[PDB]
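Up next, subunit A:
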Amino acid sequence: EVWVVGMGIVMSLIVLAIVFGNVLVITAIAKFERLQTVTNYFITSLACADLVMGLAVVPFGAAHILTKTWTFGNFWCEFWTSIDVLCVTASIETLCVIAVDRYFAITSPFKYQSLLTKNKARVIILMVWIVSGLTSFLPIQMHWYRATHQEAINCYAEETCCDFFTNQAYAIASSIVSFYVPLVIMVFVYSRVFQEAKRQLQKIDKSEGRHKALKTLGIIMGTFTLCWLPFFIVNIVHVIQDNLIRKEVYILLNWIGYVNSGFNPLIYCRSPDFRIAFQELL
Partner candidate 1 sequence: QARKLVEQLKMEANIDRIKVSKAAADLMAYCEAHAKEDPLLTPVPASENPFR
Partner candidate 2 sequence: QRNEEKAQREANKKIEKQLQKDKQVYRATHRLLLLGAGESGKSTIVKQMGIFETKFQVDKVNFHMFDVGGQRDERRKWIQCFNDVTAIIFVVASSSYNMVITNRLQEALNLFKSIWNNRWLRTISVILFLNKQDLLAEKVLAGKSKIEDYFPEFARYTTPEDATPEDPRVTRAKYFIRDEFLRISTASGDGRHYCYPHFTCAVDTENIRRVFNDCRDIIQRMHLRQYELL
């Protein structure tokens, strides 16, 4: 009773915080025309992904945990899973796109204005969501992701129970498409950006003989990794070895991954312009 009440309170606070932060950043971008910028379109895409997260898959999963069973229909189990995968992969790929945009802005400043335009920004944002949809809705709404052993068939036949059972192929493919490839891209581009920042710091020191880069990249990489790496590692493991990972650990790591959507406004919208916009909004 008290233990369940605590989980309910924590999940309610989490969903409230996620929704509030994401609607705040979205309405700040929408209301003020100064915030509208090529990178802010990617920020808006990420905020929309986190908002649909907090609206659809956080409270439904909270109900699925607090109450033992899935009251809603089996089709709605499939739809909730599809929306969850869509939101996760869209958020991670949008983070990768933002990292790529920063890398292009810093590495090739002269051509950066040509490479990234409003029309190209819209094309990239739609392409990200198209990839996310082809990753999530296409294999899950249809019966591709369903496993073959007896447990998966029993779970999928019963309408009251809604859990996650997945083929090796789809588990590996979803993990690679969602996290590991964006992880590689983001790590590479941020290593290049850190090298450029260190080079400029050395140039300034050499010119004016009379730290900051480490903290920013540190938090940007650390939050995303500490939120999502354990879940995707156990996503690989639980199908590489069936008995390795228990269900409760898997769900807990999945929710720690969900928590990342709340932290995105704090990391990617701390600029003084955003601070002034938030002050004006409230």
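How these were chosen: all candidates are chains of the complex that A comes from, given by their letters.
Keep in mind that, in the parts below, a residue touches a chain if its C-beta (ideal position, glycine included) is under 8 Å from a C-beta of that chain, and two chains touch if they have at least 3 such contacts; residues count from 1.
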Notebook entry, point to check: Between 1 or 2, which touches subunit A here in the complex?
Noted result: 2
Notebook entry, point to check: Which part of subunit A faces candidate 2 closely enough to touch in the complex?
Noted result: 102, 105-106, 109-110, 112-114, 117, 193-194, 196-197, 200-201, 203-204, 206-210, 212-213, 215-217, 271
